[PDB]
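Each chain, written out:
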Amino acid sequence: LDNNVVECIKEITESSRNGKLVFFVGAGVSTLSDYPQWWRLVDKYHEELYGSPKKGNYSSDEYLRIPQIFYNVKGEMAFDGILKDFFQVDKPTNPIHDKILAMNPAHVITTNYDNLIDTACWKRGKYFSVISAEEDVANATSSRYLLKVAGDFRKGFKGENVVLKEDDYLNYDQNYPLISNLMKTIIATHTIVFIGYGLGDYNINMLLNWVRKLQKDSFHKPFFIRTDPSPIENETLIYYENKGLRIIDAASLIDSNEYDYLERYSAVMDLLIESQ
Amino acid sequence: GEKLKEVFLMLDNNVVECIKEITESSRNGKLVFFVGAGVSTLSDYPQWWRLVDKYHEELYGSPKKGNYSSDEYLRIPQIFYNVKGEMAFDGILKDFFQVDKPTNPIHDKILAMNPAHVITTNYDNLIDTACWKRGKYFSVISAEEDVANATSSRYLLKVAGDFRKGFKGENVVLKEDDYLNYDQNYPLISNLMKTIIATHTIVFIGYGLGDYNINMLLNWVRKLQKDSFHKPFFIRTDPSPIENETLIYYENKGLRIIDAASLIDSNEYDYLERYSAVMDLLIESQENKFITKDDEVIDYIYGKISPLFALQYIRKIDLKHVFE
Amino acid sequence: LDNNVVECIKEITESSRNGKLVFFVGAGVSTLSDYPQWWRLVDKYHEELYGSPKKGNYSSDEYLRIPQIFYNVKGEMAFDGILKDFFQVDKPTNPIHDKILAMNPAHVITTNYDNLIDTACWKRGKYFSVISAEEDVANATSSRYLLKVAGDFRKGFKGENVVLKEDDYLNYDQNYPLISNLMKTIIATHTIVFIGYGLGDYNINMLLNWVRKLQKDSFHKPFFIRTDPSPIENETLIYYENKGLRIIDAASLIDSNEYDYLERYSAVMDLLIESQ
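Sequence lines, in order, name chains B, C and A.
Those letters in the first sequence? Residues 22 to 297, per the entry's author numbering, in order.
Those letters in the second sequence? Residues 12 to 335, per the entry's author numbering, in order.
Those letters in the third sequence? Residues 22 to 297, per the entry's author numbering, in order.
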């Protein structure tokens with residue numbers, strides 16, 4: 022019924038019983054809680070600086086520079102008020118945030134700047150530690166960790182706390198030294214399962230650049246959950262298998278429509294859950 | 012024809028202070044052009060999207076159905092190299108880049124702007140043929156070994172490799188492995204590029220303000236301290252005019268932009284009209300045709316003769332060298 | 022007893038009772054156990070390198086290049102045999118190893134390549150996970166780590182395993198990627214107390230550089246135990262209270278002559294043990 026992923030599940034359920042499994046939760050999970058996807062905000066910086074909305078599919082150059090262009094031109098207070106008006110919203114808890122916590126993970130690292138996984142923790146009662154700035158690594162009060170590597174809005178709705186702009190991705194190891202370093206230790210020691218990302222995200226490939234610098238057979242290979250609608254090519258699967266990743270695709274396990282994300286995330290995860 | 016003189020009177024104070032400083036550096040011998048893919052495509056040279064249409068179809072069976080995402084567009088020649096080998100990667104490069112295409116009139120206008128060096132990200136041979144037609148020799152540098160074995164101290168610095176040592180893919184940086192190992196594989200091409208920018212006047216031709224080369228060069232400029240470096244010039248040849256908020260953002264990053272859609276009115280596909288309206292506006296400002304003020308003829312004769320007040324007498328056979 | 026040494030102890034005991042105290046075992050605790058110091062080894066090369074022994078003193082260049090020349094000229098089997106001739110020893114444990122385990126450390130990180138802290142933990146029953154090479158970072162069996170950051174001779178008495186040559190010290194971020202990460206992850210989440218270095222040791226200068234990359238007040242400032250004969254001057258003390266090394270100086274607490282090393286080490290540790 023399945024091809025070569027039957028060995029992939031058995032290590033995960035072994036990692037679930039051992040308590041050595043860490044999910045790398047992404048925005049593909051958080052977009053399921055009808056949270057504002059980031060392209061809506063870029064349009065708000067677009068339509069205030071250009072004086073008109075985007076007429077079509079804009080260029081990838083101005084996909085990382087319109088958050089920065091509004092930062093350098095319109096200032097800091099105007100950039101901060103828009104982060105209030107688009108992020109001070111209440112979204113409910115997705116089933117996936119129960120399904121991710123159904124496996125009882127070792128740590129939860131995420132690039133999500135919301136509080137949605139920070140809501141399903143205390144609702145289910147699993148006590149984690151929210152580290153999102155540099156002042157929380159040394160004042161960490163628990164061996165279990167919730168690591169928000171892109172910052173969050175706990176200290177307020179300002180631009181100083183969260184990684185959005187272009188400068189915050191380049192000047193990143195020179196700004197978050199212990200959150201970059203705490204992440205690479207977690208990936209070294211515990212088994213990483215990606216969920217909620219494509220095979221072309223900024224945060225996914227920057228890991229695979231690091232994995233090649235490591236020694237061969239020194240790392241346990243990361244798993245990837247692909248929930249894209251179109252199925253992966255046979256040459257694309259071998260390109261990330263020969264770069265560290267072990268892809269578990271949803272488009273080859275179940276048959277769904279082109280807009281059926283929540284049905285795709287559950288079918289992989291319940292296959293992981295029901296084995297345990 | 013005479014449109015350029017009535018363009019010139021419609022320039023604002025920003026572009027006039029760009030043309031006065033680009034042309035003062037060509038006269039000093041401190042002008043360097045940084046040539047991109049824009050002047051190569053005006054000679055019909057095979058663009059890199061015509062290659063990435065070959066790989067995705069010899070690696071995925073069928074031609075493309077939809078637009079390339081930036082995730083896919085960067086990584087298709089690496090999937091072809093890893094899966095389908097290294098002799099077939101060099102075969103596709105051999106199939107498309109055996110052309111012997113002509114040099115566009117823009118290759119003539121760059122060299123007629125009398126440069127000291129020409130840096131290029133183009134792996135073509137088009138700029139190197141045009142330099143040898145004229146009576147100046149450029150030491151072509153495309154590998155690591157060519158820097159210490161340099162000859163003439165006027166470099167044609169091909170920072171993206173070249174196919175002079177064969178049609179092999181290990182001599183030209185094209186893939187993504189070649190984009191992240193560039194500082195490791197090319198330590199001396201990078202240092203020689205960054206020293207010319209630090210010591211000369213730079214004009215960028217053939218780019219569009221979002222490029223991997225312009226962005227990795229404005230990151231190096233962010234590391235330099237304030238007011239120690241001359242700001243590079245950037246010629247923009249795009250159909251849409253530049254918006255004012257973008258020209259603020261790139262002037263604070265250290266680019267002095269001359270928009271070509273802001274100087275002339277042209278069609279969306281007439282790229283030689285936009286390239287020649289900025290290059291001819293520099294070339295005809297040096298070959299002094301935009302002097303119709305009758306007190307700009309005073310500080311032109313003064314700027315060439317006020318040195319000669321330190322001497323007592325000057326021969327008249329020497330004054331025909333003062334005025335070139 | 023001044024308040025500064027008092028305020029050093031009142032944290033370290035509270036870190037030991039909370040299980041967040043990590044000792045950094047250094048070259049001091051092995052020479053008290055009379056393990057062969059490295060300078061007689063660089064003598065042994067310099068008896069076959071230049072052909073004649075040390076008529077005078079050495080230079081800091083020859084302190085760092087005499088091993089490398091022998092491995093290049095005499096070969097690879099001649100270098101490993103000299104390490105074989107001097108390291109087939111069974112030296113006993115000092116009491117200073119026992120004063121380190123007496124505070125119940127959360128981790129023990131050392132740059133010593135001997136098995137002396139291995140045997141000191143085996144006798145007292147403190148089971149740890151020795152990580153010396155890079156195939157042990159992912160294959161670790163526990164969460165209490167015994168991290169040899171300089172390698173160990175468990176695989177063999179060969180020059181490949183242990184960083185001794187000049188090429189071995191410059192390619193440390195390229196031969197030990199994870200251990201260079203696993204060390205700094207422990208420094209941020211614990212209280213680090215150094216034992217067994219001078220102020221100008223090469224391993225201490227590298228840790229003082231990484232703290233400069235860190236932020237202001239984002240880290241708990243580690244503690245240094247300096248056991249030199251002459252007491253440190255108060256001017257030198259202020260220079261390390263901002264670079265990131267609180268100093269408990271052993272010479273300013275008791276009286277001892279110019280060669281009683283084990284007296285100076287035993288004094289400062291009993292102030293820690295009797296406080297708990």
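One or more hints might be untrue.
Stated by the list, open to error - In silico contact screen, one side only, chain B against chain A (beta carbon under 8 Å); selected entries:
(1) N78
(2) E155
(3) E156
(4) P198
(5) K205
(6) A209
(7) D238
(8) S239
Unchecked claim - One side of the interface only, derived from the structure: several residues of chain A facing chain B at Cβ under 7 Å:
(9) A159
(10) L199
(11) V232
(12) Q236
(13) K237
(14) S239
(15) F240
(16) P243
To be verified - Under the rule of at most 30 Å between Cα atoms (straight-line distance), these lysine-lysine pairs were calculated in the BS3-like manner:
(17) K186(B) x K264(C)
(18) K205(B) x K147(A)
(19) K95(C) x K242(B)
(20) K179(B) x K264(C)
(21) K41(A) x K41(B)
(22) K237(A) x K105(B)
(23) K95(B) x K234(C)
(24) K237(A) x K237(B)
(25) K65(B) x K112(B)
(26) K105(A) x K205(B)
(27) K304(C) x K14(C)
Hint data in this document are derived by calculation from the structure and do not stem from the laboratory.
Note that CB positions come from ideal geometry on N, CA and C, so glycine has one too.
Consistency of the hints with the structure:
1. Look at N78(B): its Cβ only gets to about 40 Å from chain A, farther than 8 Å, so that hint breaks.
2. A hinted interface residue such as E155(B) counts as satisfied when its beta carbon comes closer than 8 Å to some beta carbon of chain A; here the least separation is about 4 Å, so the hint holds.
3. Given hint, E156(B) at the interface with chain A, holds; its Cβ is 6 Å from that chain's nearest Cβ, closer than 8 Å.
4. Because the beta carbon of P198(B) sits about 6 Å from the nearest beta carbon in chain A, less than 8 Å, this interface hint is met.
5. Taken as an interface hint, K205(B) checks out: its beta carbon lies about 5 Å from the nearest beta carbon of chain A, inside 8 Å.
6. Among the interface hints, the one on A209(B) holds; its C-beta lies about 5 Å from the nearest C-beta in chain A, closer than the 8 Å criterion.
7. Given hint, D238(B) at the interface with chain A, holds; its Cβ is 7 Å from that chain's nearest Cβ, closer than 8 Å.
8. Interface restraint check: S239(B) against chain A, minimum CB-CB distance 4 Å, threshold 8 Å, status holds.
9. The closest approach between the C-beta of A159(A) and any C-beta of chain B is roughly 5 Å, which is under the 7 Å cut-off, so the hint is satisfied.
10. Among the interface hints, the one on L199(A) holds; its C-beta lies about 5 Å from the nearest C-beta in chain B, closer than the 7 Å criterion.
11. The beta carbon of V232(A) is not positioned within 7 Å of any beta carbon in chain B (closest approach about 10 Å), and the interface hint is therefore violated.
12. Interface hint status for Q236(A): upheld, as the beta-carbon distance to the closest one in chain B is roughly 5 Å, under 7 Å.
13. The restraint placing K237(A) at the interface with chain B is violated, with a minimum CB-CB distance near 10 Å, outside the 7 Å limit.
14. Because the smallest distance between the Cβ of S239(A) and any Cβ of chain B comes to about 4 Å, under 7 Å, the interface hint for this residue holds.
15. The closest approach between the C-beta of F240(A) and any C-beta of chain B is roughly 5 Å, which is under the 7 Å cut-off, so the hint is satisfied.
16. Interface hint status for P243(A): violated, as the beta-carbon distance to the closest one in chain B is roughly 11 Å, over 7 Å.
17. Proposed proximity of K186(B) and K264(C) is supported: the alpha carbons are some 15 Å apart, at most 30 Å.
18. Proposed proximity of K205(B) and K147(A) is supported: the alpha carbons are some 27 Å apart, at most 30 Å.
19. The suggested pairing of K95(C) with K242(B) holds, with an alpha-carbon distance near 24 Å, which does not exceed 30 Å.
20. The suggested pairing of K179(B) with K264(C) holds, with an alpha-carbon distance near 24 Å, which does not exceed 30 Å.
21. Simply put, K41(A) and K41(B) have alpha-carbon atoms about 21 Å apart, close enough for the 30 Å limit, and the pair holds.
22. Among the hinted pairs, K237(A) with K105(B) is consistent with the structure: their alpha-carbon atoms are about 28 Å apart, no more than 30 Å.
23. Taking the CA atoms of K95(B) and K234(C), the gap is about 24 Å. The hint holds against a cut of 30 Å.
24. Between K237(A) and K237(B) the CA atoms are separated by roughly 37 Å; this puts the pair beyond 30 Å, and the hint is violated.
25. In summary, the hint linking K65(B) to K112(B) is supported, as the alpha carbons are separated by about 21 Å, within the 30 Å threshold.
26. Among the hinted pairs, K105(A) with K205(B) is inconsistent with the structure: their alpha-carbon atoms are about 36 Å apart, more than 30 Å.
27. For the proposed pair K304(C) and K14(C), the alpha carbon gap of about 18 Å is at most 30 Å, so the pair holds.
In terms of the numbered hints stated before, the structure departs from hints 1, 11, 13, 16, 24, 26, listed from lowest to highest.
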